[PDB]
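Once you've looked at the hints, dock chain B against the given chain A.
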Amino acid sequence: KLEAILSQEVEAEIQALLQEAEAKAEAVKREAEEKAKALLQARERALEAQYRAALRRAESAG
Amino acid sequence: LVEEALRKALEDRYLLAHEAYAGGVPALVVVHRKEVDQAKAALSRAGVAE
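Respectively, the protein sequence lines represent chains A and B.
In terms of UniProt numbering, the first sequence is residues 3 to 64.
In terms of UniProt numbering, the second sequence is residues 152 to 201.
Keep in mind that a hint or two might mislead.
[Claimed, not checked] Straight line, CA to CA, 16 Å or less: simulated EDC-like cross-link-like pairs of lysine to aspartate or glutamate:
(1) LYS3(A) - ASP163(B)
(2) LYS191(B) - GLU162(B)
(3) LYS185(B) - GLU162(B)
(4) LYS191(B) - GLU154(B)
(5) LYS159(B) - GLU186(B)
(6) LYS159(B) - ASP188(B)
(7) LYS3(A) - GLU186(B)
(8) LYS191(B) - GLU155(B)
(9) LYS191(B) - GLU201(B)
(10) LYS185(B) - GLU11(A)
(11) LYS3(A) - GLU162(B)
No lab work stands behind these hints: they were computed from the structure.
Okay, chain B solo, but in the shape it has when bound:
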């Protein structure tokens, strides 16, 4: 859901990579500076906290 949500917000000029801790994953998105807001909106809207 998150992956789809980022992809509409931030197009194809993004890198989403994740590694697994012992549950789910802490995930990290890499975005250009000034597409920061597009990425945060996508998480906020999902209900995903930082």
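Same shape as in the complex, but just chain A:
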């Protein structure tokens, strides 16, 4: 039959789509974690700068 052909045609597209769309929902979850990570790394860098500078200022004053 012609109908036994057709059911294999949907079940084929509808797995490719759902693997593509779990390869976007994975990729985003990665890039966002590495984003979140880097936005606290940069937060680390700032704190040092502002404390190293500050201690020198208060020393020179005294």
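Leaving out everything else, chain B in the frame of chain A:
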């Protein structure tokens, strides 16, 4: 003749249905896309026009 001719060309993955106008029948064959050529060859060979 046509029915036998389609069936060798296009196997069993086809639907041939017909309805009667007032003579013979205008007949319609349904085939998968890319088995289009197999079906047309069968008609051309018979001397059946579209």
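Structure-based check of all given hints:
no.: 1; hint: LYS3(A) - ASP163(B); in the structure: holds, 6 Å
no.: 2; hint: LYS191(B) - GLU162(B); in the structure: holds, 14 Å
no.: 3; hint: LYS185(B) - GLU162(B); in the structure: holds, 14 Å
no.: 4; hint: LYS191(B) - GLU154(B); in the structure: holds, 13 Å
no.: 5; hint: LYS159(B) - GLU186(B); in the structure: holds, 12 Å
no.: 6; hint: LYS159(B) - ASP188(B); in the structure: holds, 13 Å
no.: 7; hint: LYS3(A) - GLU186(B); in the structure: holds, 14 Å
no.: 8; hint: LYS191(B) - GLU155(B); in the structure: holds, 14 Å
no.: 9; hint: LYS191(B) - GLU201(B); in the structure: holds, 9 Å
no.: 10; hint: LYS185(B) - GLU11(A); in the structure: holds, 14 Å
no.: 11; hint: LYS3(A) - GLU162(B); in the structure: holds, 9 Å
Against the hints set out earlier in the document, no violation occurs for any number.
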